[PDB]
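Only one chain is included here, represented as structure tokens and corresponding to the form solved without the partner chain.
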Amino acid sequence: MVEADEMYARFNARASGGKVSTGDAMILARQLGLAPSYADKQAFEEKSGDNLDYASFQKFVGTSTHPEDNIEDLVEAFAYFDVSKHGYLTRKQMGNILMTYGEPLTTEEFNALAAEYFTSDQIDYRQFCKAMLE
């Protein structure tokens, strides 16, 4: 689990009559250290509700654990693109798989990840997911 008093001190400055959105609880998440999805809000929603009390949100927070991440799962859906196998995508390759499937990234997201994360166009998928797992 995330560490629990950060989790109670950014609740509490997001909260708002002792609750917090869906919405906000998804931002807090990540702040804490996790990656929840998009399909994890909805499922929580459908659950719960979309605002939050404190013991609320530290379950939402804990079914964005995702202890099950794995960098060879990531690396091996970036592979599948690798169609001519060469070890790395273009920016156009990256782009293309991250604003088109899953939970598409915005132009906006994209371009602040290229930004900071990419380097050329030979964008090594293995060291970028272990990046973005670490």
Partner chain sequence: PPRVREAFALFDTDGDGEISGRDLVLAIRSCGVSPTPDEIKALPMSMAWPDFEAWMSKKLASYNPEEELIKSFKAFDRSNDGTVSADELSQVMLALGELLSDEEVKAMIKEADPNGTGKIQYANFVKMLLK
The other form holds:
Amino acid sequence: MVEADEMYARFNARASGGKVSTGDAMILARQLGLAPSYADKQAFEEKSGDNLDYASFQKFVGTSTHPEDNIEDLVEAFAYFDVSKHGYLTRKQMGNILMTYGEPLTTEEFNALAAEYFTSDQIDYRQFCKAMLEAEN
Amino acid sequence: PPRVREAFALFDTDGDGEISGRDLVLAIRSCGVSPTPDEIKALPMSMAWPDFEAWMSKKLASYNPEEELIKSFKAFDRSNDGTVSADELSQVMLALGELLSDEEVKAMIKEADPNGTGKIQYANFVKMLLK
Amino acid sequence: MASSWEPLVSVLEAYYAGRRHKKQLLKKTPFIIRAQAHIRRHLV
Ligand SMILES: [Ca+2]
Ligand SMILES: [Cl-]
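Moving on from the form solved without the partner chain, kindly provide the form deposited with the partner chain bound as a structure.
The next block holds the full complex; its first chain is the one shown before.
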């Protein structure tokens, strides 16, 4: 397992009575390099509640690996809004898309993402998608 | 989800937050509203969500889609039996229509006539189309 | 003295074009959610 002693300590540093909220499960799972959705959080909540001990956290993490993740489906998702199909979307497009569909970003999340990753007005969404799948593990 | 908001999101085809041109008219018509040609004339070059939201709130305050669609159908309810003919509607959609494949039109007819009658109980149909 | 069918046709065409939009967008929406999940992972 991915750095077992440090995962344990991060969970316990956030834990009260040996349990952490599912929101902290989300953050911890991200730090471990997993990408849970809010749908994962809801599904897990409706079987195990809003507070997880370390074992149920491990089960959560184990169900949030999302093996269906792959570059082509992610890219087709954005290319849907690309009428030219040249492979570019504007910052306005990326913002409105990401803050309107699916599990929409807050303007703060989008602004942080754009500050780090959007170098231009014309974003290559294929390379951006590849970047997003990096470091996942 | 609410119809107006969803119609904007569906007809904003490039995801840039703004409907423009014929798409605007289509988004409006996709809520069951037929803008009079002067309203179409007066549509701005583009609409963002607040613009579309205001336009639709004001319109709908005076315009009721489902009874207006019902009256449109009862124009062609010749038998006056609350029912228009599916064949007439099919080949009129095929003749005048601009957007749907013929397969799409047939799917639509099978929806409207879920019993193989060749008659469309247009009230029931309009109510089915308006959630 | 039949009347014209263009208004009914226009409205039903727009409606069903929207239904086709809603269905292809349904096909794409889970992977937008996937994109957003990876975005939030990069954002911790
Ligand atoms: Ca647009
Ligand atoms: Cl027209």
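Take the two forms, find the largest set of C-alpha atoms that superpose within 1.5 Å, and that set is the rigid core. Numbering follows the first chain given and starts at 1.
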{"query": "Yes/no, residue 7 Cα shift of 2 Å or more between the two forms with rigid core fixed", "finding": "yes"}
